[PDB]
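**Student:** Letter by letter, the chains look like this.
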Amino acid sequence: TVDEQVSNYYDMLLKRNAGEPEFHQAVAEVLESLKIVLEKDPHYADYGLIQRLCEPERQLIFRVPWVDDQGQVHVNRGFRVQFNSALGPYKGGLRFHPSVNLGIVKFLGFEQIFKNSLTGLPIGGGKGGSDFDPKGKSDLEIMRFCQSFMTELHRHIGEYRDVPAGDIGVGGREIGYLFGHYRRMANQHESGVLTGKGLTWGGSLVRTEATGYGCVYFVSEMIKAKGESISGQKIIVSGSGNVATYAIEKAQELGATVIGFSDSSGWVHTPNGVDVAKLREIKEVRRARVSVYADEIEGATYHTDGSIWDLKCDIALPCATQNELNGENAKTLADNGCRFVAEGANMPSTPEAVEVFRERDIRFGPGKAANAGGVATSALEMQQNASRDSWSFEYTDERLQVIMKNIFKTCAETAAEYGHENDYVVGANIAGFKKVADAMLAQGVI
Amino acid sequence: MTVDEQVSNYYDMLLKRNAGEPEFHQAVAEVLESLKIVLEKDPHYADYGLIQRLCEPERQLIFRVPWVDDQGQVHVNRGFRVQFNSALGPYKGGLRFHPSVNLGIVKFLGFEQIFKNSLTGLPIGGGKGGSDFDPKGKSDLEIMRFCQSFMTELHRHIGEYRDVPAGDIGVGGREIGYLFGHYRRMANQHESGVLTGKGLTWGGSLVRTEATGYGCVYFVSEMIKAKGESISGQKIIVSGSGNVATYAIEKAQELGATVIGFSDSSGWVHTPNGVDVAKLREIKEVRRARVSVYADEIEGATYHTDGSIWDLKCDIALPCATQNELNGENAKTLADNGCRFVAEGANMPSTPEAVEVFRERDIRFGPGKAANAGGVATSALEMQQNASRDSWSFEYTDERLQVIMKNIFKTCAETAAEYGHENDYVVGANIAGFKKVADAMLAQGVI
Amino acid sequence: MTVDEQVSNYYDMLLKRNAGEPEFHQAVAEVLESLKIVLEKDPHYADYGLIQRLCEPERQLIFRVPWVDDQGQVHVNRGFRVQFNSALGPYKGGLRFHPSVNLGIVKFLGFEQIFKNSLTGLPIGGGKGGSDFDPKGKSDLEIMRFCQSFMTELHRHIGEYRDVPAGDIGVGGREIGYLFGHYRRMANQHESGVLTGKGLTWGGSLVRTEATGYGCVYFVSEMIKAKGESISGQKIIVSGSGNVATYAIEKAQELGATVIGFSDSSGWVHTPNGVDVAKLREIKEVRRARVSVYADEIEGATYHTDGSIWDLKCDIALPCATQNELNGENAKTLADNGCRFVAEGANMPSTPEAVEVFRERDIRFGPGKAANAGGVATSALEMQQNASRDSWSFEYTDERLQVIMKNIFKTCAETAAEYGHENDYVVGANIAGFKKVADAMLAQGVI
Amino acid sequence: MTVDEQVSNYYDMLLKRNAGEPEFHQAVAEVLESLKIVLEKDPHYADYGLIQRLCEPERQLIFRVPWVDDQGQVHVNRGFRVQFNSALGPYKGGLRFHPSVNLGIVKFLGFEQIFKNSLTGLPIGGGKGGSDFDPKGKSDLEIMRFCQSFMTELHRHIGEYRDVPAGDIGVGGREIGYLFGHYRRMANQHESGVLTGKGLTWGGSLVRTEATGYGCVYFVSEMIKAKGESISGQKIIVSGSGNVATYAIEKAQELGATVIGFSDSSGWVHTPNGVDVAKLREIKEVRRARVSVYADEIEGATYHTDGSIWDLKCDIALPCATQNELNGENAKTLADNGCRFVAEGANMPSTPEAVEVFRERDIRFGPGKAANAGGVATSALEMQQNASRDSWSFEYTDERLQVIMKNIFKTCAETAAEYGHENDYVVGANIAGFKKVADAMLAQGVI
Ligand SMILES: NC(=O)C1=CN([C@@H]2O[C@H](COP(=O)(O)OP(=O)(O)OC[C@H]3O[C@@H](n4cnc5c(N)ncnc54)[C@H](OP(=O)(O)O)[C@@H]3O)[C@@H](O)[C@H]2O)C=CC1
Ligand SMILES: NC(=O)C1=CN([C@@H]2O[C@H](COP(=O)(O)OP(=O)(O)OC[C@H]3O[C@@H](n4cnc5c(N)ncnc54)[C@H](OP(=O)(O)O)[C@@H]3O)[C@@H](O)[C@H]2O)C=CC1
Ligand SMILES: NC(=O)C1=CN([C@@H]2O[C@H](COP(=O)(O)OP(=O)(O)OC[C@H]3O[C@@H](n4cnc5c(N)ncnc54)[C@H](OP(=O)(O)O)[C@@H]3O)[C@@H](O)[C@H]2O)C=CC1
Ligand SMILES: NC(=O)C1=CN([C@@H]2O[C@H](COP(=O)(O)OP(=O)(O)OC[C@H]3O[C@@H](n4cnc5c(N)ncnc54)[C@H](OP(=O)(O)O)[C@@H]3O)[C@@H](O)[C@H]2O)C=CC1
Ligand SMILES: N=C(CCC(=O)O)C(=O)O
Ligand SMILES: N=C(CCC(=O)O)C(=O)O
Ligand SMILES: N=C(CCC(=O)O)C(=O)O
Ligand SMILES: [K+]
Ligand SMILES: [K+]
Ligand SMILES: [K+]
Ligand SMILES: [K+]
Ligand SMILES: [K+]
Ligand SMILES: [K+]
Ligand SMILES: [K+]
Ligand SMILES: [K+]
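Chains as they are written, first to last, in the numbering used here: chain H, 1 to 446; chain E, 1 to 447; chain G, 1 to 447; chain Y, 1 to 447.
Don't read these hints as lab results, they were simulated from the structure. Be careful, since some hints might not be right.
Said to hold, decoys possible - If you want the ones that stay clear, here's a sample from chain G, every Cβ over 10 Å from chain Y, calculated:
(1) 86
(2) 311
(3) 439
(4) 446
Claimed, not checked - In silico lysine-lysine, BS3-like type, Cα no more than 27 Å apart, as pairs:
(5) 136(Y) / 137(H)
(6) 135(H) / 16(G)
(7) 138(E) / 16(Y)
(8) 138(Y) / 16(E)
(9) 136(E) / 16(Y)
(10) 278(H) / 313(E)
(11) 16(E) / 406(Y)
All residues carry an ideal CB built from backbone N, CA and C; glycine is no exception.
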């Protein structure tokens, strides 16, 4: 039977991949959606397709030795998982955070395959990063770390090979140091090697805003599917980094009010809305804690207690990290009348959180659909670079809006095609999978 | 201790490291004078040894070029490629074959290339190269063999993303063909983006011939609008009658202005109702004759041998002939006659005294650095066409060139005002070319 | 804090970075115990984060290996290459195809290999690789397709100066042939130095087949002579029945000892009157059969699936199968029954409890990184022969191997004594191997 | 049409192409005087523009070397590699890190290197490189970071068959370690043959440390014996106190001579009872202190800041410091005081006036391209060891070195005499060095 075939393969996978719970978590949800497609179209398991799909094409782990400002040598671990290249070059971000390990990178890279497929743009899936902690490091220490990291990474990447970008801990600053050092290693100005670049050295307008903006563009599409208006809505946006910052900005441009945001230290309550300019100054100039925002803003309350999800909202947009919204937060959310969740972060909702949303009739936008705005805009940066062109903000934002609407459409149409109307998780996973699978079938056993 | 003191200290050290290169010294001194204004407002532009990095080429290649003449005699020349700065894109800049070429000349021109290319707003870095090979008196086969020997070494250092050379004195379409053909032979690939100035049927761009002349006129049109005026119905002088002047005349008249004079080394022509571009080209390209031959045949146009083209009463003067062709006396004549606008199509045609006269007399001045950048802009457009495997129409390309020139003007105007020098386009051009490179260098780290 | 504390704290951190890899933790733990001793005397050895760099692989590659079986069914296995340390030379170490393989096991092997390779005195860094592919039951064509898929990825990461693999469990001459053929196809060149354990007519070395087992016996003979005994007349257990075990048995019996038992993973054979090497070779190499078949065919040999081979009373135990095959209970049984010498042909066959028993019970114990190093030493001789396009005689190469094993023993004994742990070859091996690598690492900077 | 006129006309052209490089002109002029002697007997040596090709480097690289000091300040130095001639082997020659370094100095050294390398009889072309980086006062980490930045560019231009650098002034074992480590990191392979002067545990050669100084003494011994004298009991001046000077002192005293003075750039020390090698090594290698500190801590040794080391009465002078350190005035003094032999450990230490005085006063003179060749010869032996993956004994290597220096002497004396310039080892060295290179260039065609 199909259900048992897939369950028995998942079991095999758990054995080969012992101790990688985030990867198991990512895989599990996808294969659950894959069961549906195999019942209708069995050829999708032909030629060991699922066995190939779930094993990364290549994984790199490497030493990153570097020297701090006191002349002390440090060693961190670097990673690049090149998961699938059926649709185009490996594509996906780099995360510098002390939590990072191979299992986490594999989870992100596996998800990235289906996210990138969903954009409709020609990009395969990958991810990388390091257990390096950028917090408390000088710009020179960050620079030397990025240079050491790229000293190994450059041989494994390239405009058609693998195109990284930022993620947690890797912003414009780091992409700058990584790109410069890549050019030094390769002796060429290969703009297409990375995305997230600066506007004067091959970057794209809107890329900075893309993930957070598209998240909101997606959530507004789920909201308007219920005959509702995002204007006038109360929104929680967890996190205070690249994705959260611009999610808040688009949200409040659209008539909504963001009532809370957070970092890993705690969360701040803003019942009358966020000052974007203030927050950007605290986070980007001062690289400070959100409590400083509370300290300086009238009526902003810093919290170290409870959770940001204790706030009454109509919409929640988790934009920080994996497993930041759990089963209990999900209940608290629905009890206070939350109506839609859409993920800016990668895999922020736990499995039981997702279960609650279903039980409680909360419309749920999965990250691989909702946050695809980032990588889609990265693919647009790649397109601009490929043609040595530079697009306006308006034109690029318009394309991003079109892609997000296309992703919504695909999720809706496929979910309904397989008898799971309005289940966007089912729609996203099946639609992302089928395009990859068809390409893999066409390109043979490789 | 002070800003002046630290910069002067550095310039002194540059002199010592770069002994015997006075042109490069002077080019660097001119840049350092621009940084002073910048540092005064924002010191961070000298952080992380930015100036010390900027003034040292990323890489310099010098190499033997052995070749054999038609009589079987072996000759040895020296080849050069200075890859100065790649912060904004691949190294970009021409190749010159002339006995005067040496490393200091190449470094000088390569350094200046960085900022001119930056100022276009397009993703190109800066470099320069060539050889002391003298093409004069050489046969086509001798020049081919030289180009082939030259590129046997050069090919390994260049590439669509690495370094994209072009022509200059001694390196025209003929040489670009021989260099490109041999590059493909060495590399075993048909990499169109390795060079610009290529033939139309093998990766070249329309508007290349017209670019520098057209761009000068686009630039001056923006200067004119900035004063509440329009270029249509104005009277314009265009000096010279070569590549730049021909196409400067063509565009100005397209935009509805009337051109009243042109010239060669020998003399100058008054054409009070307009130039016959078709006639001029025939005279100069087909017949390779003097401009006197022109005046005979047009009813209303008169030739002149005495005085100067700059005696003519005009609204706009576009010197498009040669360095130092417009002196302080000329500048005075123009201003007295009511000329309100000068923009340079040629290389430094206005003498330093002429430049001060425009300032004194309130004539708006478009320096060549900005106004004659159409040629380099179109080189970037060739790269863009090659990158997308497309060959654009004349009209589309010319439209893109106009947008680029408009943006160069905007950048000059905005930057000049930013630094307390409203409407001083030389200040604007100098500062804007530097700051874009500097910002990109800061972002990309110590490399 | 105390060296003990510092090293223990570092180890704790390593357990966290490398969760779920007990064999890697085991290998690291014993080396770090010896390193405490060297650090107590010469603390400079921790300078510049040397230990932190040493215990973190330079590079690790994991990759998909898709292949098609004889029924046309697609299978997917995982491939690995850990390139641990290159201070002393190219990464060097074998490839293991066994269903137990995972990244933790490959890391343990690669880590051990650094020090083993250092101890040979030859210029070789350390690495290891393999796959969870199970070669048992596969046809030659299936093995071939697997090796070709494996090398389709591996080739870009290896090379005569980059990384030089070889066999290990499940990878013998058959697999090396298919791996080498396909490397040449991928690289388009006949790069003999890319692999060792090659066939004699395409760049292999005489003695390499025999080397690990011969070397193990040469090493244990030195241990025995150091105690004033001699190997002739002794009873020896040799576990396993593969490449290492076969030639340990051959050399042991040449030197006048009698091998009283051997095994595979299914069971063990008691051979009270010694082993017929020719019969064992026919069974294992031709028939690829179980050791039970030897017992069936040989008068006086008995097959067992009960108990352990380590239940046999012996003078010398040579575990030659795999990691953790000789445990604390086995060690006590061996000791109680009169075993006086243990030398490891396998990598890490003795569990930590077993090693403690040997220490406590005064059993002389030759760690794998010393006793089994004859294989990789002879691989380096294969590399030397290839580099010089020479082919040495069996007698010359075997003489070199004898001198190396004697040198390794002398290094372990002297280093152990130097550091106040006389006759502790674990301490001697780890310290001597570490110092050479650490010196080379200090000289070569932070890389 | 006369040989002098032919060669003189070329020199004039060399002068204009290489303006501002007096040391390079100095080195070329003296070689060209020898080529006139060659051409008078064998005019074919100028065929196919051979001399024009010989005197122009095949390739020259100049590059930015940005690095960060311990206080986090960015510095920029200039790096060079001149790849002069590769007719006989890969480019070969050292790296000089000193504030005096510029292209003309690198060119002089690279030019000399061609003929020196030729004379060794071993398969090595000629090159040189360096930087104006001053290693004096820098921390180990600063030196490491500089080397790593230097090699980040240099790696793409070097390699076992391409270009093999080594040390020279300011570049010792410490630097070579950091350069080699970083090269392996850039190339991702353990390519031992990329550099010489490597450490003993990572592909170095025994004798290389001692080789230049030892070889200089071996050479001067041959000069001495040729005059019917012997080295034992003689009084020797050795200028400098670095790698070359140190081992010239060691070998000279091992052979029974007394070294009565050495120096650094600050002053000289008088040692009438001979030098304590171990002490000098301590002061210079560990403490990196001044020679004056030797005089402080050693009874009988006196430091001088007046006069020159060259006014010590000696039998033998070995200049072992730098170019142009022994002038016409020093040469006269030496001779007046009874000096009979001079042999150059340094490159081009004797000025042209000094060399005329030696001739005029019957002082036998060994030019550096002969006398100092032991260093590069032993580098070639390191390359041979690496190529064959062998490591030779000190005794074997030193005996090869002895044979090479005797052969170089014989070649110089025999060639000098063949051309009618008996005992002129400058003519002998230049002609013998040149002919081997030229014959190989003729065979390899116009490239
Ligand atoms: N940037 C992009 O283009 C895209 C990003 N994403 C995903 O969106 C999420 C955020 O990315 P991005 O905004 O770029 O990263 P940033 O580093 O710019 O911001 C991360 C934010 O989340 C917080 N955070 C990080 N780790 C944790 C944690 N372990 N527990 C609680 N909070 C944490 C950070 O706070 P603190 O300072 O206290 O650590 C910070 O406020 C990630 O899941 C990322 O994978 C998805 C698509 C695109
Ligand atoms: N074309 C381009 O894209 C580029 C142009 N430039 C600069 O632009 C200027 C012109 O370039 P280009 O048009 O290509 O050169 P051309 O050779 O095509 O044309 C030059 C014209 O200037 C005339 N001329 C020279 N000197 C004088 C003078 N003293 N008084 C009046 N006329 C004179 C020449 O006449 P005559 O036949 O009698 O000599 C000829 O008519 C130069 O300063 C050049 O360096 C620089 C780079 C590129
Ligand atoms: N070959 C070399 O040059 C060197 C090998 N070594 C080490 O020597 C040992 C043997 O290697 P080698 O002889 O080359 O390998 P082979 O594959 O030729 O032989 C392995 C033998 O050990 C038995 N064995 C393997 N795995 C297990 C297991 N998990 N449990 C019980 N028995 C097992 C096998 O029996 P079965 O068929 O039932 O699996 C077989 O008899 C390994 O530790 C290896 O790393 C060390 C240095 C060099
Ligand atoms: N090393 C080699 O293998 C070979 C080197 N050579 C040549 O040998 C010479 C020395 O090289 P090497 O010993 O390796 O370099 P080192 O840097 O090890 O030592 C150079 C020595 O010369 C001293 N010195 C520099 N200038 C003077 C001066 N003007 N008067 C007196 N002493 C001075 C330096 O003193 P201070 O510290 O004050 O600068 C230092 O004691 C150079 O000409 C080199 O090109 C030739 C062949 C081989
Ligand atoms: N960090 C990203 C964006 C990746 C990208 O732009 O390649 C993500 O999709 O998680
Ligand atoms: N399997 C080996 C030897 C492999 C080799 O010869 O490189 C080992 O030392 O474990
Ligand atoms: N510094 C040296 C030795 C160079 C080398 O060993 O390649 C010289 O010959 O000048
Ligand atoms: K690459
Ligand atoms: K393209
Ligand atoms: K190229
Ligand atoms: K390879
Ligand atoms: K015995
Ligand atoms: K039996
Ligand atoms: K190289
Ligand atoms: K004597």
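**Student:** A separate judgement is required for each hint: does it hold in the structure or not?
**Tutor:** Structure-based check of all given hints:
no.	hint	in the structure
1	86	violated, 5 Å
2	311	holds, 45 Å
3	439	violated, 6 Å
4	446	violated, 7 Å
5	136(Y) / 137(H)	violated, 30 Å
6	135(H) / 16(G)	holds, 20 Å
7	138(E) / 16(Y)	holds, 22 Å
8	138(Y) / 16(E)	holds, 22 Å
9	136(E) / 16(Y)	holds, 19 Å
10	278(H) / 313(E)	violated, 58 Å
11	16(E) / 406(Y)	violated, 43 Å
Consistency with the previously given hints fails for numbers 1, 3, 4, 5, 10 and 11, ordered from lowest to highest.
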